[PDB]
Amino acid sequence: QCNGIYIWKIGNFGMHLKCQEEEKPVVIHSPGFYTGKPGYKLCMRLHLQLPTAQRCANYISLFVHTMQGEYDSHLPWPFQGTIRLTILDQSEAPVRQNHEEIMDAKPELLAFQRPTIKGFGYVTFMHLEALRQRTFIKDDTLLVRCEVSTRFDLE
């Protein structure tokens, strides 16, 4: 990305929901994107927990990852900032009831450390059932929005 917000489109979503319905593990890897030209490179991982999972069953999981970037040697580490993850309600703009969370990066976590070769997010980001409570899936596609605010202050 150029600015600081990315929109990850996940199509063929219908087949994923049926896979998780018949007890088949599902994980999706998004493309890596930048928090800004001179910035950090991140990617997302989405999970659809099995119905037989002891904990967090039928929940959608979403984690953020740090990748190796072209400007790595030029930026301060670890990464600091505010990340907003949102599963977009595709209903009309004036009546959208999006589903999201906001988190501040934590330096002590190896998830925000400079890569060399573990992610951070929510195990229970959104229950699958919640998908039928709105028009989150339109045209067999789900939309995940990641908006990052980078803090370059060394304080």
Second form
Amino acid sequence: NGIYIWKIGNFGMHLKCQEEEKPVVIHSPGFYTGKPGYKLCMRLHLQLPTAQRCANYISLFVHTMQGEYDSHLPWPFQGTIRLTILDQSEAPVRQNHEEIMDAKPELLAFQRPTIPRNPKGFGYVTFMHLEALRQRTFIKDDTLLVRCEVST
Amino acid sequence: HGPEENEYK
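Now show the form deposited with the partner chain bound, given that the preceding structure was the form solved without the partner chain.
What follows is the entire complex, opening with the chain shown before.
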């Protein structure tokens, strides 16, 4: 299984713009599920307080990118993606917030990408409520940890 | 809460 931990720095600033009702949208670097493996990346939003549904939620989405090994891998990507926002409080057992999502072959999002970054992504509009960040040490040293673990 | 495809922008 490939595992990638996205360190999102400067996070205090990002929460501040969300409060000021400024759209916040971030993309991870690309990363490989393996070598050879798929190249994926992540989209995280901070939803405005004035949104209809999902107000004040964190959104989280996985996208396929064009990769070195694309021509060698089976398409569409089929498998499991586990998206976790990690707890950095000092307290076993730590309480991570995670959702496990199933890659179904019927989706367009995991078809072979032809553009550098496929705009069709797959994930959760309502991944985690912001008011859950104020209730655990999810942010430490002004940094948020988003873990992506891919199973095939 | 379940997953969904989602295009941007």
